[PDB]
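J.: Residue strings, one per chain:
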Amino acid sequence: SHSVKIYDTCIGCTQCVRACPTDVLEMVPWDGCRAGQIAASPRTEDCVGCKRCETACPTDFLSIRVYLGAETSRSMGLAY
Amino acid sequence: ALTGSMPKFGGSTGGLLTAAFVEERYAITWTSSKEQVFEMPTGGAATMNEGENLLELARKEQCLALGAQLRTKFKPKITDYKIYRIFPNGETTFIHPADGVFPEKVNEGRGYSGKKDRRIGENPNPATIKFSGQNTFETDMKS
Amino acid sequence: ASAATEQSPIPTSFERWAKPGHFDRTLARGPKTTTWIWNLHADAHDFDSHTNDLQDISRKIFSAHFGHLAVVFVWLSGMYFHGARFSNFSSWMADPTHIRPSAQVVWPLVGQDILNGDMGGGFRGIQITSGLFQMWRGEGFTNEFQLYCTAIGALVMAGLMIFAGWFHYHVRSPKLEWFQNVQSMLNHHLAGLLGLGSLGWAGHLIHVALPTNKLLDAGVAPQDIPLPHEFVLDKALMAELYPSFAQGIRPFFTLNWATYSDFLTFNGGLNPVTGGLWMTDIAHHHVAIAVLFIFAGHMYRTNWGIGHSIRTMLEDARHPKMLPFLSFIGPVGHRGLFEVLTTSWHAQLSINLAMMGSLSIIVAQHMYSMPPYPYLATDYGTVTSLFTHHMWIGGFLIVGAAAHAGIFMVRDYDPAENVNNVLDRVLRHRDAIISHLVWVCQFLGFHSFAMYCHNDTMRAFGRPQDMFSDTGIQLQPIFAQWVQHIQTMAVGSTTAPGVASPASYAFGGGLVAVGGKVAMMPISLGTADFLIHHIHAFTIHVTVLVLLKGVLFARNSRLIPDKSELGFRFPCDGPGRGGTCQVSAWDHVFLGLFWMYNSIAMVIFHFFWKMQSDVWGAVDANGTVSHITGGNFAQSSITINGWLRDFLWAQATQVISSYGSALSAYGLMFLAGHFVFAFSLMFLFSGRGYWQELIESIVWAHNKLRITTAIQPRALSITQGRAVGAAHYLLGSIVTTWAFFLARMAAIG
Amino acid sequence: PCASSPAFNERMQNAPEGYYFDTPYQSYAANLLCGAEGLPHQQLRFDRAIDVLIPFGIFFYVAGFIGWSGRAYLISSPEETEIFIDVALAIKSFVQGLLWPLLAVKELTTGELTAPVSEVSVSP
Amino acid sequence: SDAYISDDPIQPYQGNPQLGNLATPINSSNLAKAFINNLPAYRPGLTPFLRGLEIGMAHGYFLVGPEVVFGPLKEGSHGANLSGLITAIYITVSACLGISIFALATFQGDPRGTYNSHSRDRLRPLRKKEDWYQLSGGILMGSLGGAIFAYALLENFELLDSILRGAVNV
Amino acid sequence: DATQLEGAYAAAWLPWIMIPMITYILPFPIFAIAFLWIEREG
Amino acid sequence: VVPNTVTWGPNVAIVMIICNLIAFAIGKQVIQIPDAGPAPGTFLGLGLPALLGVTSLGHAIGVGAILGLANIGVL
Ligand code: CLA
Ligand SMILES: CC1=C(/C=C/C(C)=C/C=C/C(C)=C/C=C/C=C(C)/C=C/C=C(C)/C=C/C2=C(C)CCCC2(C)C)C(C)(C)CCC1
Ligand SMILES: CC1=C(C/C=C(\C)CCC[C@H](C)CCC[C@H](C)CCCC(C)C)C(=O)c2ccccc2C1=O
Ligand code: SF4
Ligand code: SF4
Ligand code: SF4
Ligand SMILES: [Ca+2]
Ligand SMILES: [Cl-]
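Protein chains in written order, with the authors' numbering: chain C, 2 to 81; chain D, 2 to 144; chain A, 11 to 503, 527 to 782; chain F, 39 to 115, 121 to 167; chain L, 4 to 173; chain I, 3 to 44; chain K, 10 to 84.
Bound-form chain C, shown alone:
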């Protein structure tokens, strides 16, 4: 499975969550930014590694990083 890490430079714009094709990410309350939200990655067993969440992130540097890890049949995107 890949590791998706969310850092405190997150601004809760939700764009990483909206860009995820496999529903790894969701928003949780934070009170660490003024949106009141921060991304989280519980279903990271579903992560394929497309890094659409990283492309959608506006902060410099990214508040979300995907580290490609051990490949499973889900992270390899195999329908066979």
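Keep in mind that the hints were calculated from the coordinates and are not lab data.
Cβ coordinates follow ideal geometry from the N, Cα and C atoms, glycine included.
Treat the hints with caution; some may be incorrect.
[What the hints assert, rightly or not] With a straight-line cut-off of 30 Å between C-alpha atoms, the simulated BS3-like cross-links for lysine-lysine are:
1. F/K135 - A/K224
2. L/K36 - D/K9
3. K/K37 - A/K331
4. A/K331 - L/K36
5. D/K9 - D/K78
6. D/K9 - A/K331
7. A/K29 - F/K149
8. A/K550 - D/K74
9. F/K135 - A/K737
10. A/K185 - A/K245
[What the hints assert, rightly or not] The following residues of chain F were derived to be distant from chain A, with all beta-carbon distances above 12 Å:
11. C40
12. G56
13. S65
14. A68
15. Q81
16. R83
17. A87
18. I92
19. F94
20. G108
21. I113
22. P121
23. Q139
Since chain C is already given, all that's left is putting chains D, A, F, L, I and K with the ligands on it; use the hints.
T.: Positioned in the frame of chain C, the structure of chains D, A, F, L, I and K with the ligands alone reads:
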């Protein structure tokens, strides 16, 4: 156990294979107000029935591609789709929406599962976690 | 006004020229980085992205067509002017067997006038291989003033074509209902463009070309020949040549057509004098196809009840109305395809590019074997250049067909429109199509190329009895040999009693030699020809695999289920799912460009070597033919080593030993093509992040000198690096072959 | 020398004349240094010191002209002056670009030709 | 609208349109099924050894010929038939070693893919490793025997020829 | 002269059997052993 | 060498007329007949488009039949 009519479809070569029945299958259910043509994520055009529809797909990404098509390519939008994971013993598990809202909104009760209170440029540099097993983000400090 | 279909806006403004990117909303933002500069020319003509109305796009396309026609007329004007001012056309008209065609002289600048070679007759110029002289001789030109007149007419037509494109967009542009009239368009193009065009050309041939060519073949000097209008004017002069013109246009209306059988002949061979086809036989061809195309133009219902409706014919081709074994296409059939083809310009462009490239390839294969112009077959450089050029144009056009079949999929395909029809049913079993194409490509790759590797190993072992040769294990193409035998039996004094000679001497028949050199002779098909035709089948099939795979999986696949949301030209979808690099349809057009190169290069190599060892040569007084390379295709072209030694190493003697001669530009361009091929590999093997990280250090060195620029320097994008690498590979690798072919054929004839 | 070279005359007295070998084989043979193959070899000696200065030193002027016109045009700028070359400011940076040799030594001593280490972006 | 509303020759596989196959005349006609389902791989009721035995007999028989006609020994009859025989022998032993190691690697616990207990593949009915070992033994026996039967018919081709021309009735 | 492979060296019957063993007799057993080693389950 | 082909005589006009009438007999069974334009159905069922199409196919059939019959002696 899952309610819904299979969408009217002629079949394709892009559908379920062995791994669907030996590893895992996914199902997406949705209610449509009219009988109308959508695009299968497996290739082709199917027709959703008026009422409750249930479709088995091979990947969760296919079920989420269909769901994104339902809520964006149709007026009125179909936003009530539910995605389940089916196991070879028959066990069905409701996965999407994980909570019951929709990941893009914020629910009180979800909980942190990837948060690292840092700022990326301050992970522990790899010279110190060498023969440990941890790699640089699965840690706890900040250097 | 005459059809009430115009009233177009878009006033001719000048201010809209100093604001690049005005067509795209993000292109008119404000540059910022350098990617904008390259994005400006990446979708400049893509009128589909710019706006959303089909009618505005259709109007833009119509005026762009007019501007393109203007560009082609400017090119034609330039070619006729070059033949009328900087050519030895008159000298070649006098002696077209000892004079080399030339239509380009080089200015006396640095070392530069060495490229002006002696062309015979004291003319110092460059030997052209475009076949313009042989074409003008067949059309009826005798002096350069007529060429100058044609150049002026083409320039006037170009000005007229750029006025018709401005008047059909800025003054009175058509409505969308006019563009969607495919019945009327097909009727007019079939009857008025092709039918009347070939009828008018048949009139020209019967009254200008046939006279002039008959006197030329008789022996008359080019300026001793009457001008074409005298052939038109007095019927006594024209009746000296033909005795069927004494009865005028009377036998035609009274249906006594065998009266006309001396200028409408049906001989079907080659003129022994010139080497080209029988000119009377050509005129009869154009008369017959004019009658066929005009008659074909009355097929589609337009405003008068009679005719077909293509929508009805499309919607009825379906089960259970089909042939029983063709009934697998289901009960919808071709129902939604008339609305696909009348609302998508990309669908039409895909079909038309496929047919245009295929027809250009057919043109290439029909003009070496049935040489249609005087003294064409004996100028081997021209024959080589024409075949090679039309094969390359055909291959590029065919690749663009797949490109636009993929653009139709991502953009113009609507699942709700076409449900359970042939287009839906193809997308609904494309794994079967692609897997069977994968297997046939593998079968053909083992049974063509690995047989060549077998032959290499057997020849290096010293056991040529074990080879796939004509002296080892024979692989005779019995079906093509049988077709060749049927073609030479048909034309007997049979199944075609009207023709005297075979349709080409390539099938069989005799030998036509003109000026000592061979115009045409039978092309024997042995084991080497079996092997190279299966090479051709294999390469065409892998090109089809690469291109069709991108077309069929342009929407989605099992890997990326929402590929149509990503676009038609996108680099990847990240390093996940193992790494989805080059999954777009555009990347399949990228990879099929290489495969079209590899396919057409072997076709032009097969043609060059086979024609040079088994057709072209030098007939002596007795009749013995000494071929150029000496009939070494049947034993050297069956191994890879013989292709590298007896074709590439041996026949590149004339291009590398050309320094200091008049062919030295060919040696320079040979090396230049090698450079551009190798330089392409920098873009093809490397990736974008290296170059962006090296530009970081270069930007640091620039910031330190305070030479910072506002437009921020960025590396070429991923698909742009791919496009640049592909363009460079194709350009260098084709310039190399061009220089090799042309230096070889301009030195040994 | 090329005038007394025994192998340099077999390309003298057997070659096309034209206007590329007749008014070029002379001045060349008078003032070049050929070896044994009858070919002028570009030497680097004390006699070449006042010979190689006109390729080397006079190229340095035009190269610095281009580099200083590209500098003085681009300090006075802002992402539309690179697209649409402002001909007035281009002429202003050409007129100053003519005598760029002096201006270049009037920047190093003043410290306005180089940027500070903390005023230029770097990478990790 | 039209998506499985009209009745066409091409149906979903097993009536399930979400399966990755179609019911075409080549996998679903009565002639195609009558031929394929009665081939030894699929004939109902047979033990794996007899399936393998008939597969091997048919296979070792035709595998002799390509080297008899095309091999390095083809200039002489006796050596050509021997080269074809040992080519069939080597291909048989390699293929059966592959069958044995496929069964050894696949059937480890609950297998993965089509030989998992939950698999619905109708086209792969040898679900047990015992079936695969009986198949390997049968294919080996039958293929080596069919190869030497083709070899013996090619060695005695002069006799089989005089027999089938009635030259033995003098 | 050379109608077949020869050895003008000591124990020249050893290539005759060593080349089959190293190159087409023992390799497929070695491939099977390595395949069974890489596909064995925990 | 060439397929005979006669000039024009009462025998040629008969074949060209009998073939124009067969065209009329079979051209009554077309669809979208009497399609206005000019003389909307004033040609015994057919309009002017349908009459011109029927006579054009009749001329085509006549030229083909006449040249065939002239080739083989009958005409
Ligand atoms: C010479 C270089 C080379 C070779 C051998 C290949 C070979 C192949 N290409 Mg490829 N390609 C190449 C260059 C090459 N390519 C380059 C330079 C590009 C740049 C754009 C591409 C891009 C490309 C694409 C996009 C595709 C291919 C495809 C294929 C496969 C075609 C199917 C086939 O022919 O089956 C036969 C196999 C061969 C001809 C390989 C050589 C076999 C030798 C002769 C026999 C070996 C004997 C024996 C087995 C050896 C065993 C010894 C043991 C010790 C291992 C094939 C394996 C297509 C494919 O996948 O088809 C299904 C595919 O779509 N190629
Ligand atoms: C599909 C099909 C087909 C084909 C078929 C085929 C492919 C064939 C074949 C065939 C074959 C391929 C056959 C075979 C066979 C065999 C046999 C007949 C065998 C045998 C054997 C034996 C008898 C052996 C014996 C032995 C043993 C075992 C032991 C010891 C030794 C010996 C020798 C004694 C066709 C189209 C035609 C039609 C129908 C269907
Ligand atoms: C070399 C290379 C680059 C670098 C290439 C670049 C940046 C383009 C080079 C074009 C130069 C920079 C020309 C631009 C210069 C200005 C236009 C000035 C030119 C001067 C004229 C006006 C006279 C990539 O970006 C790249 C990306 C992906 C795969 C492979 C590669 C790759 O191989
Ligand atoms: S890499 Fe792709 S699948 Fe994984 S969290 Fe990011 S967007 Fe989702
Ligand atoms: S896209 Fe980036 S900033 Fe926005 S919610 Fe996701 S991690 Fe936070
Ligand atoms: S290597 Fe390049 S093309 Fe491939 S996945 Fe990574 S970014 Fe995309
Ligand atoms: Ca042998
Ligand atoms: Cl060889």
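J.: Now tell me if each hint is right for this structure.
T.: Results of checking the hints against the structure:
1. Using a Cα cut-off of 30 Å, the hinted pair F/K135 and A/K224 is violated, with the two alpha carbons roughly 71 Å apart.
2. Among the hinted pairs, L/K36 with D/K9 is consistent with the structure: their alpha-carbon atoms are about 27 Å apart, no more than 30 Å.
3. For the proposed pair K/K37 and A/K331, the alpha carbon gap of about 24 Å is at most 30 Å, so the pair holds.
4. At roughly 27 Å between alpha-carbon atoms, A/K331 and L/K36 fall within 30 Å of each other, so this suggested pair holds.
5. A threshold of 30 Å between alpha carbons decides the hint, and for D/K9 with D/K78 the separation of about 20 Å falls inside it, so the pair holds.
6. The straight-line distance between the Cα atoms of D/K9 and A/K331 is roughly 24 Å, inside the 30 Å bound, and the hint therefore holds.
7. This hinted pair does not check out: A/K29 and F/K149 have alpha carbons roughly 39 Å apart, beyond 30 Å.
8. The straight-line distance between the Cα atoms of A/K550 and D/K74 is roughly 69 Å, outside the 30 Å bound, and the hint therefore fails.
9. For the suggested pair F/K135 and A/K737, the alpha carbons sit about 23 Å apart, so the restraint of at most 30 Å is met.
10. For the hint linking A/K185 to A/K245, the alpha-carbon distance of about 49 Å lies beyond 30 Å, and the restraint is violated.
11. With a least CB separation of 20 Å from chain A, F/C40 remains clear of the 12 Å interface cut-off, as annotated.
12. At roughly 7 Å from the closest C-beta of chain A, the C-beta of F/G56 falls inside 12 Å, breaking its exclusion from the interface.
13. Interface exclusion of F/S65 from chain A stands, the closest Cβ pair being 16 Å apart, more than 12 Å.
14. Separation of F/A68 from chain A is adequate, the least Cβ-Cβ distance of about 21 Å exceeding the 12 Å criterion.
15. The Cβ of F/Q81 sits about 24 Å from the closest Cβ of chain A, beyond the 12 Å cut-off, so the non-interface label holds.
16. In this structure F/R83 is separated from chain A by more than 12 Å, as the shortest Cβ-Cβ distance comes to about 28 Å.
17. For F/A87, the requirement that its beta carbon stay farther than 12 Å from each beta carbon of chain A is met, with the minimum near 28 Å.
18. Taking the minimum C-beta to C-beta distance to chain A, about 20 Å, the non-interface status of F/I92 holds against the 12 Å cut.
19. Every CB of chain A lies more than 12 Å from the CB of F/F94, the least distance being 22 Å, so the non-interface label holds.
20. Non-interface status of F/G108 relative to chain A is broken: a Cβ of that chain comes within 12 Å, the nearest being about 7 Å off.
21. A beta-carbon of chain A is positioned within 12 Å of the beta-carbon of F/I113; the least distance is around 7 Å.
22. The beta carbon of F/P121 is not kept farther than 12 Å from every beta carbon of chain A, the shortest such distance being approximately 4 Å.
23. Taking the minimum C-beta to C-beta distance to chain A, about 15 Å, the non-interface status of F/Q139 holds against the 12 Å cut.
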